[PDB]
Amino acid sequence: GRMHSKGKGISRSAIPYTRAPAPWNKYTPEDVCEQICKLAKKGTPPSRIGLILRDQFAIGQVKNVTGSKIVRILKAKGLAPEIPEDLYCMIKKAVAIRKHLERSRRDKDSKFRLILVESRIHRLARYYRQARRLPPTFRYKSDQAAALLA
Amino acid sequence: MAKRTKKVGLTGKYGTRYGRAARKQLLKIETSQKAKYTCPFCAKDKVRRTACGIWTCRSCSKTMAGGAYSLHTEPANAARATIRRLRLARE
Amino acid sequence: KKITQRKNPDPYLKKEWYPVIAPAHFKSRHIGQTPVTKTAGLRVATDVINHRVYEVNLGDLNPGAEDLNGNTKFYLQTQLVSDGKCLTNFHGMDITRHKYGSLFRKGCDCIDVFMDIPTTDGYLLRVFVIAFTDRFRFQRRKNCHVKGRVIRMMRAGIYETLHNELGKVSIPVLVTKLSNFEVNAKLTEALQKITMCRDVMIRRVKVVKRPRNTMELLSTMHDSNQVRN
Amino acid sequence: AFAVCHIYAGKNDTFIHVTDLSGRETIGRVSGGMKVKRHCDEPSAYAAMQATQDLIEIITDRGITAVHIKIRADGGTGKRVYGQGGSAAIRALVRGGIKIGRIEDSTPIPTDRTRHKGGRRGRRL
Amino acid sequence: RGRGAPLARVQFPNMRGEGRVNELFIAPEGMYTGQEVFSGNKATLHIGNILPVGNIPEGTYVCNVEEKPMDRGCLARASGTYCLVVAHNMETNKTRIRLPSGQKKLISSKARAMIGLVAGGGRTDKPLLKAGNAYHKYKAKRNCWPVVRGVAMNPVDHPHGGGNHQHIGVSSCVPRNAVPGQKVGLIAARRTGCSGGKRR
Amino acid sequence: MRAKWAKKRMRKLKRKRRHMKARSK
Amino acid sequence: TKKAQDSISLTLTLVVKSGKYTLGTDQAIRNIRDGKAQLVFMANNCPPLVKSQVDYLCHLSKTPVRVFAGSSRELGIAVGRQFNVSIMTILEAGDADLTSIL
Amino acid sequence: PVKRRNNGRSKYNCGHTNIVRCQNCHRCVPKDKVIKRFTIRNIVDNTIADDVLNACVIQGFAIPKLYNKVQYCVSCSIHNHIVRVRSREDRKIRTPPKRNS
RNA sequence: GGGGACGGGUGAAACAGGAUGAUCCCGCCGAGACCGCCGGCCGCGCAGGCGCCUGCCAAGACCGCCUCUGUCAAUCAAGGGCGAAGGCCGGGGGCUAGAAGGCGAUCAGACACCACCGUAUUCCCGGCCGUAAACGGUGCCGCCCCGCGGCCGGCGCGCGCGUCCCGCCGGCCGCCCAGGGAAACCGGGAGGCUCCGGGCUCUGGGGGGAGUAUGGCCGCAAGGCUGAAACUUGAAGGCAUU
Numbered sequence: 002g003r004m005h006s007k008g009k010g011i012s013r014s015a016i017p018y019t020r021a022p023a024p025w026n027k028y029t030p031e032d033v034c035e036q037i038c039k040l041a042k043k044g045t046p047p048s049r050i051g052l053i054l055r056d057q058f059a060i061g062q063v064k065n066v067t068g069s070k071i072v073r074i075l076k077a078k079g080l081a082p083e084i085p086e087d088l089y090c091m092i093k094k095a096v097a098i099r100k101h102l103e104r105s106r107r108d109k110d111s112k113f114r115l116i117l118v119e120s121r122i123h124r125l126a127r128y129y130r131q132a133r134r135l136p137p138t139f140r141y142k143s144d145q146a147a148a149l150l151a
Numbered sequence: 001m002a003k004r005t006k007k008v009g010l011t012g013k014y015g016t017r018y019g020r021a022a023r024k025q026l027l028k029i030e031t032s033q034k035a036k037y038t039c040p041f042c043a044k045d046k047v048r049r050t051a052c053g054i055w056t057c058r059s060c061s062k063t064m065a066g067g068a069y070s071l072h073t074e075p076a077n078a079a080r081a082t083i084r085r086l087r088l089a090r091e
Numbered sequence: 011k012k013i014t015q016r017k018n019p020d021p022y023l024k025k026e027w028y029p030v031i032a033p034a035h036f037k038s039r040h041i042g043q044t045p046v047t048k049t050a051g052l053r054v055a056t057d058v059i060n061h062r063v064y065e066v067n068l069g070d071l072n073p074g075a076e077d078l079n080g081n082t083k084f085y086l087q088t089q090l091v092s093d094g095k096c097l098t099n100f101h102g103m104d105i106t107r108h109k110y111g112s113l114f115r116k117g118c119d120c121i122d123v124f125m126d127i128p129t130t131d132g133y134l135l136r137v138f139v140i141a142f143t144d145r146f147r148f149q150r151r152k153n154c155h156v157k158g159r160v161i162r163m164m165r166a167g168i169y170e171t172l173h174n175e176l177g178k179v180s181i182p183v184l185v186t187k188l189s190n191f192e193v194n195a196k197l198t199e200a201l202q203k204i205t206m207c208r209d210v211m212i213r214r215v216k217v218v219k220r221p222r223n224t225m226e227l228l229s230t231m232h233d234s235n236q237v238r239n
Numbered sequence: 027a028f029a030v031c032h033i034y035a036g037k038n039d040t041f042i043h044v045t046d047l048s049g050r051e052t053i054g055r056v057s058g059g060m061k062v063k064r065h066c067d068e069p070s071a072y073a074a075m076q077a078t079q080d081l082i083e084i085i086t087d088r089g090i091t092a093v094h095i096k097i098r099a100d101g102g103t104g105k106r107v108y109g110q111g112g113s114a115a116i117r118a119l120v121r122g123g124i125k126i127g128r129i130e131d132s133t134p135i136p137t138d139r140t141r142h143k144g145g146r147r148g149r150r151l
Numbered sequence: 052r053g054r055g056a057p058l059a060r061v062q063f064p065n066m067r068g069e070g071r072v073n074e075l076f077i078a079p080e081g082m083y084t085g086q087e088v089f090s091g092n093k094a095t096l097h098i099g100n101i102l103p104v105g106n107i108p109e110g111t112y113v114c115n116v117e118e119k120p121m122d123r124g125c126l127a128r129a130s131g132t133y134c135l136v137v138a139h140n141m142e143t144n145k146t147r148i149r150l151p152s153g154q155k156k157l158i159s160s161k162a163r164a165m166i167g168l169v170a171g172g173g174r175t176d177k178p179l180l181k182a183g184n185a186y187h188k189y190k191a192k193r194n195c196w197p198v199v200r201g202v203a204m205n206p207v208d209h210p211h212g213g214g215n216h217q218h219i220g221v222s223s224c225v226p227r228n229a230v231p232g233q234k235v236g237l238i239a240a241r242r243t244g245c246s247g248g249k250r251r
Numbered sequence: 001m002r003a004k005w006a007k008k009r010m011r012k013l014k015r016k017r018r019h020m021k022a023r024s025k
Numbered sequence: 007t008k009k010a011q012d013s014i015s016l017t018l019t020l021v022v023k024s025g026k027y028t029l030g031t032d033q034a035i036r037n038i039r040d041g042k043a044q045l046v047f048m049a050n051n052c053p054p055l056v057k058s059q060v061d062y063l064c065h066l067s068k069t070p071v072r073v074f075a076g077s078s079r080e081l082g083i084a085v086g087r088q089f090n091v092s093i094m095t096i097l098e099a100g101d102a103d104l105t106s107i108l
Numbered sequence: 002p003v004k005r006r007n008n009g010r011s012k013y014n015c016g017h018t019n020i021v022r023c024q025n026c027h028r029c030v031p032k033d034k035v036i037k038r039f040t041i042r043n044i045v046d047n048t049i050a051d052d053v054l055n056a057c058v059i060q061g062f063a064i065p066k067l068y069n070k071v072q073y074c075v076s077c078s079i080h081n082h083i084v085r086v087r088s089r090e091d092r093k094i095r096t097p098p099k100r104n105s
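Protein chains in written order, with the authors' numbering: chain SP, 2 to 151; chain Lq, 1 to 91; chain SD, 11 to 239; chain SQ, 27 to 151; chain LA, 52 to 251; chain Lo, 1 to 25; chain Ld, 7 to 108; chain Sd, 2 to 100, 104 to 105.
Hints are computed from structural coordinates only; laboratory data are not their basis. Any given hint could turn out to be false.
Simulated crosslink set (DSSO-like; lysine-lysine; CA at most 27 Å straight-line) [as the list claims (entries may be wrong)]: (1) Ld:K57 <-> SP:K76; (2) SP:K112 <-> Lq:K7; (3) SD:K157 <-> SP:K9; (4) SP:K112 <-> SP:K93; (5) Lq:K34 <-> LA:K188.
Model the full assembly from the supplied sequences, consistent with the hints where possible.
Here it is, written out as structure tokens:
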């Protein structure tokens with residue numbers, strides 16, 4: 002179930018059993034990688050670029066066609082985001098919750114949400130540091146979070 | 001550090017004299033007066049209280065009227081909003 | 011009308027009865043008689059009856075159509091005492107209490123909106139309207155409950171019908187529109203597209219503010235029978 | 027000669043009062059309590075029956091051939107049921123020959139009411 | 052020196068001559084050096100502006116209100132004290148206002164007032180704490196401190212006077228028509244003592 | 001509520017006992 | 007509304023990452039006069055004399071000037087800098103500024 | 002033990018509910034516990050309704066019917082016989098006795 | 001303004017209100033609470049809790065998904081936050097209800113219940129408190145789990161087609177077959193357990209003494225949290241039957 006919520010919901014994408022380029026596929030692996038870089042230049046978060054390739058184009062799974070996941074392709078060209086996107090999205094959510102709370106000190110429920118989002122940021126950050134994706138130097142500073150977004 | 005354990009932090013000067021209630025009220029009132037509030041125009045927290053009712057930005061050099069121990073009193077802040085909403089309605 | 015003609019009790023030993031007449035739009039103009047103490051030091055009787063408020067049923071106001079709108083009532087306040095006859099202007103309307111109660115039911119959603127409207131004249135009035143949801147014909151479930159999207163859309167809809175109906179019209183036009191029930195009807199047609207609805211009626215309309223000396227407004231309201239328009 | 031009779035029913039006493047349509051001037055007033063010496067009998071319909079009979083003579087003298095009926099209980103935070111004398115009030119007027127015009131509830135019902143006497147435990151009688 | 056409220060020197064042009072007149076105004080909270088202020092029937096609605104009381108919308112907090120028009124300042128001119136505009140009678144040209152005591156007075160709509168609540172608000176909240184901060188406080192004002200209780204004074208100095216024990220010896224409440232030297236106790240006291248629920 | 005009334009008596013005795021302790025402190 | 011607000015935030019971030027930007031009035035006026043500026047973004051807190059002067063030089067160079075919400079600190083947070091930034095000039099943009107005239 | 006599995010309160014997924022009042026007791030009862038009946042009845046006594054209607058000068062004026070809701074507390078209802086103490090088997094039935105009037 | 005003898009209250013009463021015209025009616029104003037009927041085997045929320053209008057601001061579960069990441073998870077001493085009510089401490093405000101307090105009936109007494117008046121409080125704002133039969137008297141994550149019904153949300157399939165039919169997922173519920181239990185009853189578990197072992201925290205070990213003494217900490221206090229022993233005793237308790 003959800004770490005900070007009591008919901009037991011299971012909405013999960015299930016990838017196809019046969020990992021193959023679509024029968025209707027007409028594009029090379031490099032062609033997809035060159036397209037991916039253009040969206041990376043646009044700055045689109047990696048989850049979004051996968052959605053765009055699936056909906057705007059028709060590559061259902063990048064691994065099936067290119068042979069690599071989108072983040073691995075970004076890392077190869079050095080077009081990877083410095084913070085793994087998953088941490089960035091929580092950090093951005095925490096920044097907004099902090100801003101709303103600064104206007105209202107009476108929103109006790111909002112403070113509750115801030116503790117959980119910040120706790121998730123700290124938990125995920127430790128994993129990234131251990132993996133070496135992020136530096137041992139990384140520490141979460143609420144004060145520097147907005148600056149960290151850039 | 002932690003030279004004074006309790007809220008005697010700004011009230012250490014008064015010593016044993018004056019009673020706890022007095023000092024407790026002073027601990028809140030004097031902490032705010034001494035503190036540097038943000039400048040509305042400077043955008044720096046360099047506003048300090050020159051005199052009761054007078055707070056001056058140390059960067060812009062602008063002098064702004066305000067409450068005695070706080071740059072913005074809550075009743076004035078409410079009226080500022082009420083006047084803005086009433087003006088925009090009368091517009 | 012008894013004391014002016016002959017003997018009645020100690021208070022009504024010196025009292026008068028004055029005819030009260032309602033606006034031109036209504037089929038039976040006469041409302042009734044008003045008891046009033048005779049002229050005194052400063053208490054001139056006509057000045058005493060200048061601002062008395064009568065509560066008339068639409069069935070009494072427009073008889074021969076009682077079965078429809080028997081519930082709807084109109085509060086009317088005298089503005090002039092000319093001809094010895096009180097001339098009244100519309101000051102409020104409300105549906106009867108017996109009907110208000112019959113409007114609510116379990117397993118229904120009630121939408122009440124209040125919208126103050128500045129009229130094309132001087133008067134400022136708040137239109138209180140009510141609507142209820144009703145079971146769709148198939149209805150596998152037993153509850154006429156709708157999702158928020160229908161609730162918001164329907165309430166947005168109610169404001170819009172008033173916006174293009176009672177939003178910019180003068181008080182005599184409003185009296186005809188609330189009497190023929192025209193504006194109540196418009197909300198239902200708009201609501202009918204939005205959802206299955208019942209009881210979409212303007213329940214109350216109150217005079218929030220009155221332009222002073224609406225004597226000219228009382229000429230049009232009372233004697234402009236020729237300008238029925 | 028239309029007029030309106032407001033009939034407080036409530037409990038404790040019954041008030042039968044006929045007035046002008048405006049309500050500004052009272053043609054007549056009577057109370058169930060005036061008729062009965064015992065305090066408990068004041069809301070009872072027998073006291074009320076004698077009471078509206080007395081009012082009929084006064085009101086019919088002052089014209090008032092026809093009356094409209096508005097009937098209210100204590101209302102507000104109390105009862106909301108007319109209680110005892112209310113049923114008699116229309117009946118005695120019908121015996122008198124006053125003609126009914128329209129009947130209505132004048133209960134002062136409260137949207138979002140103020141607190142009522144009794145406490146959370148209630149009247150522990 | 053005397054006022055616990057800041058005063059502001061606002062310089063307006065001189066219509067009569069070529070000079071720039073300097074006027075001392077009570078400074079409503081938020082007034083800033085450099086703020087432009089407009090005065091008149093057509094004046095705008097920002098904190099600081101002085102406009103006829105009728106013009107100001109109902110609910111605004113207004114300071115230095117005029118009891119009668121062209122009195123150049125009369126009510127709500129102390130720290131954090133505001134007057135609320137309650138209503139505007141169009142027929143009588145009279146505007147009701149709630150003074151900082153709560154009492155309501157009707158003022159000609161022609162009278163002028165400044166938009167805003169006076170600064171130095173919340174000053175009373177701070178305890179004076181020492182006798183010295185009181186001495187320094189009334190040096191600026193009149194010689195009205197230290198105060199000797201009358202029951203400490205000898206019989207000849209105060210009506211409360213002195214006996215073998217310090218007691219007033221008679222009801223503190225004194226008649227409204229007490230002669231100049233007699234009015235020393237609580238005067239015209241409708242009620243006395245701490246009761247509570249006094250809102251009635 | 002005898003349990004409630006018993007804890008009120010204990011709380012009263014505990015107030016008096018602490019106050020008496022203070023007099024001889 | 008906030009869908010657009012995200013686009014302004016993403017343009018500012020991507021300009022900071024790739025593209026040439028100038029922080030501050032002295033740099034802004036120097037670039038606007040020489041026409042190096044492509045877009046001018048000004049904080050609401052900017053002094054009301056500075057606002058009217060930049061507005062005129064911007065009219066002369068036909069360079070669009072927009073107000074960024076309010077407070078130089080807020081512009082600063084969007085440029086990723088703790089110091090306050092009253093005027094930010096976009097000389098070149100890594101993410102095309104369709105919101106050049108937002 | 003648990004006399005009622007509903008614990009005497011139609012409270013599900015709620016934690017706390019609004020408060021209501023016994024009409025006669027004026028007691029405070031949770032809304033879930035309150036008996037809650039809806040009664041629609043004639044404004045005039047039904048015995049006098051026909052005569053009043055005939056006397057009513059208005060053509061086709063239906064007698065107004067009062068619409069009100071009466072809520073009582075458990076203690077209040079048992080004394081007023083709004084609901085009756087029932088046998089352990091009879092408690093499980095949830096259907097109105099003898100088939104809202 | 002009206003009209004003229006009672007009115008309140010009750011189980012009956014009595015006290016306080018009435019010719020200074022009450023009650024009652026009608027307009028009018030002020031003040032503060034409070035969201036009625038719709039309103040629930042409705043829902044949301046981490047619990048405590050949550051219902052006027054128009055906005056404004058950040059959220060949250062769920063579903064749908066060939067989106068991204070790649071064990072980032074679970075339960076949790078210490079530590080942090082939240083926590084109904086009443087209480088407190090500074091500021092407001094003040095209708096109503098109303099601990100105290102006063103009265104009026106009752107009774108042997110009544111000083112209690114019922115009436116009448118009424119302060120703290122209730123309401124707001126900044127703190128403190130840290131407790132409730134805070135209960136669903138059932139910790140949390142995980143799996144299996146027998147059918148039958150309702151309800152809420154999201155989605156899908158099918159057809160006349162309608163807020164239809166059938167599912168799926170997440171909830172909120174009722175009835176139960178097995179099983180279980182000392183039973184009452186649980187059965188979406190209190191089942192899969194004397195044929196006893198998924199993981200992890202908390203607490204209990206006959207009844208009093210006693211949540212007392214004392215020591216610590218915390219609190220402005222009220223008190224909270226921790227917490228005995230000496231000694232006494234053969235019972236205390238649960239659920240059912242008569």
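We went through each hint and held it up to the structure:
For the suggested pair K57 (chain Ld) and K76 (chain SP), the alpha carbons sit about 44 Å apart, so the restraint of at most 27 Å is broken. Pair hint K112 (chain SP) plus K7 (chain Lq) holds up; C-alpha atoms about 25 Å apart against a cutoff of 27 Å. Between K157 (chain SD) and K9 (chain SP) the alpha-carbon distance is near 24 Å, which keeps this suggested pair within the 27 Å criterion. With a CA separation close to 16 Å, the supplied pair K112 (chain SP) and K93 (chain SP) stays within the 27 Å bound.
For the hint linking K34 (chain Lq) to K188 (chain LA), the alpha-carbon distance of about 20 Å falls within 27 Å, and the restraint holds.
Hint compliance for this structure: hint 1 alone is broken.
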